[PDB]
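Listed below, chain by chain, are the residues.
There are 2 protein chains.
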Amino acid sequence: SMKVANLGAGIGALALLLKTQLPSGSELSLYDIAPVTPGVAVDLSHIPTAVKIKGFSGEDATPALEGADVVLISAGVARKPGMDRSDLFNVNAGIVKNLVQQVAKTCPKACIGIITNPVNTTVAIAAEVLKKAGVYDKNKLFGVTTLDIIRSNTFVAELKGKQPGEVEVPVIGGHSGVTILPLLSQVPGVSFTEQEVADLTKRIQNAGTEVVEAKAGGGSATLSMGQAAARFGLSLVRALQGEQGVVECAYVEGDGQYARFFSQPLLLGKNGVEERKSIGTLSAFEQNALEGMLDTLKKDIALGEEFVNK
Amino acid sequence: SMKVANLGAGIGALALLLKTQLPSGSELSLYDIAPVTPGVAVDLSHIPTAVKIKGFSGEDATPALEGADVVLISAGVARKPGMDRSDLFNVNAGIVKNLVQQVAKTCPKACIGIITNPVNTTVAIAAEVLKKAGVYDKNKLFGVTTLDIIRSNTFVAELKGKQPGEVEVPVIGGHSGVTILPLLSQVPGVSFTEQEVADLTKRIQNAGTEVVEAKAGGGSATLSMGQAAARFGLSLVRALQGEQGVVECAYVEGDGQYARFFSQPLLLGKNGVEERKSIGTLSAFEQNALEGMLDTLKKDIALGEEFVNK
Numbered sequence: 000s001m002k003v004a005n006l007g008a009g010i011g012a013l014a015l016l017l018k019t020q021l022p023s024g025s026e027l028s029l030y031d032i033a034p035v036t037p038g039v040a041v042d043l044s045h046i047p048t049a050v051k052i053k054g055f056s057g058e059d060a061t062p063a064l065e066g067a068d069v070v071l072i073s074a075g076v077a078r079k080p081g082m083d084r085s086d087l088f089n090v091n092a093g094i095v096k097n098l099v100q101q102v103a104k105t106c107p108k109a110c111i112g113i114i115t116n117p118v119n120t121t122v123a124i125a126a127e128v129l130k131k132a133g134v135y136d137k138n139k140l141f142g143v144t145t146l147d148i149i150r151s152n153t154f155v156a157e158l159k160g161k162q163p164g165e166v167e168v169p170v171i172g173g174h175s176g177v178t179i180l181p182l183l184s185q186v187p188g189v190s191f192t193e194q195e196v197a198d199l200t201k202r203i204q205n206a207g208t209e210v211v212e213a214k215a216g217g218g219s220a221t222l223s224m225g226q227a228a229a230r231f232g233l234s235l236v237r238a239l240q241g242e243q244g245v246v247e248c249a250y251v252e253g254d255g256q257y258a259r260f261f262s263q264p265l266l267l268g269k270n271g272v273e274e275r276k277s278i279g280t281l282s283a284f285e286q287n288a289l290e291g292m293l294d295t296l297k298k299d300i301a302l303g304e305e306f307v308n309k
Numbered sequence: 000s001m002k003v004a005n006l007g008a009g010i011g012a013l014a015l016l017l018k019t020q021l022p023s024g025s026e027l028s029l030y031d032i033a034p035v036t037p038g039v040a041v042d043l044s045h046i047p048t049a050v051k052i053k054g055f056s057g058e059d060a061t062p063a064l065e066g067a068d069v070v071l072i073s074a075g076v077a078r079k080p081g082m083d084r085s086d087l088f089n090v091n092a093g094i095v096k097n098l099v100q101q102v103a104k105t106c107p108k109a110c111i112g113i114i115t116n117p118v119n120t121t122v123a124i125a126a127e128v129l130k131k132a133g134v135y136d137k138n139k140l141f142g143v144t145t146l147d148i149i150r151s152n153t154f155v156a157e158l159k160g161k162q163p164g165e166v167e168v169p170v171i172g173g174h175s176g177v178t179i180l181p182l183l184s185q186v187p188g189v190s191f192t193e194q195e196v197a198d199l200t201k202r203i204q205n206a207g208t209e210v211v212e213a214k215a216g217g218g219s220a221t222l223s224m225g226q227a228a229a230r231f232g233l234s235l236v237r238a239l240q241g242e243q244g245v246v247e248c249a250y251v252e253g254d255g256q257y258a259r260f261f262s263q264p265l266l267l268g269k270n271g272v273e274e275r276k277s278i279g280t281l282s283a284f285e286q287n288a289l290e291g292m293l294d295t296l297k298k299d300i301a302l303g304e305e306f307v308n309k
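For the record, the sequence lines run as chains B and A. Throughout the first sequence, residue numbering follows the deposited numbering, covering 0 to 309 in sequence. Throughout the second sequence, residue numbering follows the deposited numbering, covering 0 to 309 in sequence.
Some clues are possibly wrong.
Since the list gives no way to pick one copy over another, a pair counts as held whenever it fits inside one copy or between any two copies.
[Stated by the list, open to error] Dumping the calculated DSS-like pairs for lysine-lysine here, alpha-carbon to alpha-carbon at most 30 Å: (1) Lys-159 x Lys-104; (2) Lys-201 x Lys-53; (3) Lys-108 x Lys-51; (4) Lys-96 x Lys-297; (5) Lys-53 x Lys-309; (6) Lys-131 x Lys-51; (7) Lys-159 x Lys-137; (8) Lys-131 x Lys-201; (9) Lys-298 x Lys-159; (10) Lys-269 x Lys-309.
Read the hints as simulated data drawn from the structure, not as lab findings.
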C-alpha cells in the first residue's frame with residue numbers, strides 16, 4: 000500500500016487525478032498554506048474510489064508527510080511566460096527549501112518529485128537541503144519534466160497524423176527554454192525536415208506561451224501540468240509496487256557527463272531510479288542543441304546550490 | 000464521431016476529465032464568460048489524447064454549440080448551505096434560459112444535461128424554453144443528479160466495509176434537501192438498521208455542507224461535482240454510440256406519477272432515454288420520504304415553468 004503526499008495541492012487538478020487513478024488501498028495527503036485545503040480533500044473524499052484522502056493547511060507539512068512513499072512538491076507560484084518575474088525566483092526557492100527540510104525530517108526515504116519551477120534550479124536546492132540533513136539519495140530525487148514529453152507527443156502526433164496516445168518522444172536536458180531537448184530523431188517511422196525540427200523544437204520550448212496568450216495573460220498551463228505530474232506520480236507508484244518496464248524521462252543527479260543534474264530516460268524500480276538509460280544516438284541538430292544549452296543549464300544548477308550553501 | 004459542449008466550464012475540472020476520458024475521435028468545446036476560457040482549452044489541448052478541444056468566451060455560446068451531440072450546462076453560481084435561495088434563483092434562472100435558447104437555435108437534437116442549480120427548477124426552465132422553440136424532446140433533457148449517487152456510494156461503502164466501486168445506490172426524486180431519496184433498501188447484499196437509514200439519508204441530503212464547512216466557507220464541492228458530471232456525460236456518450244445496458248439515475252420528464260419531472264433509473268440509448276425504469280419496491284421509510292417530498296418538488300417545478308411562461 001502506497002502513500003502519496005502532494006505539497007502545494009492548489010486547485011486540486013493533480014489531487015483529482017490521483018484520487019481517481021491511484022491503486023485501491025493507496026492513501027493521498029494534500030498540504031497547502033491555503034486554508035481551504037482540508038476541504039479540498041473532503042470534496043475529493045466524496046468520490047467513491049478506494050483511496051483515503053486527507054487535507055492539511057497552516058505552516059507544518061509534517062502530518063501530510065508521515066509515512067509518505069512519494070512526495071510531489073508543486074507549491075509556490077506557477078510558471079507563466081510573459082509574467083514580470085520580479086521576486087518569483089526568491090519566493091519559490093524559499094518554499095522548496097522549507098518543504099524539503101520537512102521531508103528530510105519526516106519521510107527521508109520517500110521518492111521526491113519537484114514540480115515547483117524553475118525545476119533546473121529547484122532540484123539543486125532540494126539536493127543540497129537533503130545533503131545538509133545527511134539523508135540525500137540521488138535515486139529518489141526527481142525534477143518533473145513530464146510536461147515537456149506530453150507536449151512533444153501532442154505536437155508530433157498533430158504534425159504527422161498519428162494517434163496522440165501512440166507517440167512517445169524522449170526529451171532530455173532541462174525544463175526551461177533552450178535546455179528542453181526533444182529527440183525528434185528517435186521517433187520511429189516519422190521523419191522531419193530541418194525546418195520542421197527547428198519549428199517543433201521551438202514550439203515545445205515555448206509551449207507555455209500559447210496558453211498564457213490564449214488566456215490573455217490571465218493564467219497558465221495548470222491543467223496540463225496537473226496531468227503531467229499525475230502521469231509521473233503514477234509511474235513512480237507503479238515502479239515502487241514492483242511493475243517492470245516503467246520508463247520516464249526526469250531531471251536527476253546522474254553521472255554528470257553533461258551537467259550535475261540532467262534529464263534522461265530512467266527505468267524506475269522499487270528504490271526509485273533502477274537504471275539511468277542512455278540518451279541514445281543524436282542527430283547533428285540535437286548534438287548541437289545539447290552543447291548549446293549546457294552553459295545555461297550549469298548556471299541554473301549553480302544558482303540553486305548557492306541559495307542553500309551561501 | 001461525438002461532440003460534447005460544456006457551457007460554464009469554470010476552472011475546467013469537468014473539461015480535464017472529459018479530455019482524458021472521452022473516446023478517441025471525440026470533440027470537446029468549452030464556453031464560459033471568464034476571458035481565460037480559450038486558454039483553458041489550449042492548456043488541455045497539450046494533453047495527448049485524440050479529443051479535439053476548443054474554448055470560447057464572450058457572450059455568444061453558438062460557436063461551442065455548433066454540431067454538439069451533448070451539451071452540459073454548469074454555468075452560473077454554485078449552491079451553498081444557508082445561502083439566500085432567491086439570490087441563487089435570480090442569477091441562475093436567467094442564465095439557463097439564455098443558454099438553452101441558444102441550444103434550441105443551434106443544436107436542438109443534442110442531449111442536454113443541466114448541472115446548474117437548482118436542478119429541480121432549472122430543468123423545468125429548460126423544458127419550457129425548448130417547447131417555446133418547438134424543439135422539445137423529453138428523452139433528451141436531463142437534470143444531472145449523479146453527485147447524489149456517487150456520494151451515497153461512498154458513504155454506504157464506508158459504513159459497510161464494501162469496495163466503493165462495487166456499491167451502486169439508486170437515488171430518486173430531485174436534487175435538493177428532502178427531494179433527494181436514496182433507496183438504501185435496494186442495495187444488493189447489504190442491510191441497514193432504521194437508525195443507519197435515517198443517518199445516511201440525512202448525510203446525503205446535506206453532503207455539500209461537509210465541504211463548505213471544511214473549507215471554512217471558502218468554497219464548495221467543485222471537484223466531486225466535476226467527477227459526477229463526467230460520469231454522467233461519459234454514460235450519455237457511450238449510450239449515444241450504441242453501448243448497451245447503460246443505466247443512470249437522472250431527473251427527466253416522465254409518466255408524471257409523482258411529479259412532471261422526477262429522477263428515476265434510466266436505460267440510455269441512441270436517442271437519449273431508451274426506457275424509464277420503475278422505481279421498484281420501497282421500504283416504509285422510503286414510501287414516507289417519497290410522499291413527504293412531493294409538495295416541495297412540485298413547487299420547484301412550477302417556479303421554473305412560470306419563469307418562462309409568465
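Intra- versus inter-subunit Cα pairing at 30 Å for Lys-269 with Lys-309: Neither, since 35 Å and 67 Å both go past 30 Å.
Within, between, both or neither, where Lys-159 and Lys-137 count as close if Cα-Cα is 30 Å or less: Answer is neither; intra-copy 38 Å and inter-copy 44 Å both fail.
Status of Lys-53 relative to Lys-201 across identical chains (alpha carbons, at most 30 Å): Cα proximity of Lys-201 and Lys-53: across copies only (23 Å, versus 41 Å in one copy).
Status of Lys-159 relative to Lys-298 across identical chains (alpha carbons, at most 30 Å): neither (36 Å within a copy, 57 Å between copies)
Copy assignment of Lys-53 with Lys-309, given that the CA separation must stay at most 30 Å: neither (37 Å within a copy, 48 Å between copies)
Homomeric proximity label, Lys-131 with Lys-51: Cα distance no greater than 30 Å: neither (33 Å within a copy, 48 Å between copies)
30 Å Cα threshold - placement of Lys-201 relative to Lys-131: Neither: 38 Å inside a chain and 53 Å across chains, both beyond 30 Å.
Homomeric proximity label, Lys-159 with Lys-104: Cα distance no greater than 30 Å: Neither. Shortest intra-copy (49 Å) and inter-copy (37 Å) distances fail the 30 Å Cα cut-off.
Alpha-carbon proximity context of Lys-96 and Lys-297, limit 30 Å: Answer is within; shortest intra-copy Cα gap is 20 Å, inter-copy 58 Å.
Within, between, both or neither, where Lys-108 and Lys-51 count as close if Cα-Cα is 30 Å or less: Classified as within: same-chain Cα gap 21 Å, cross-chain 41 Å, threshold 30 Å.
Comparing the model with each numbered hint stated earlier shows that hints 1, 5, 6, 7, 8, 9, 10 do not hold.
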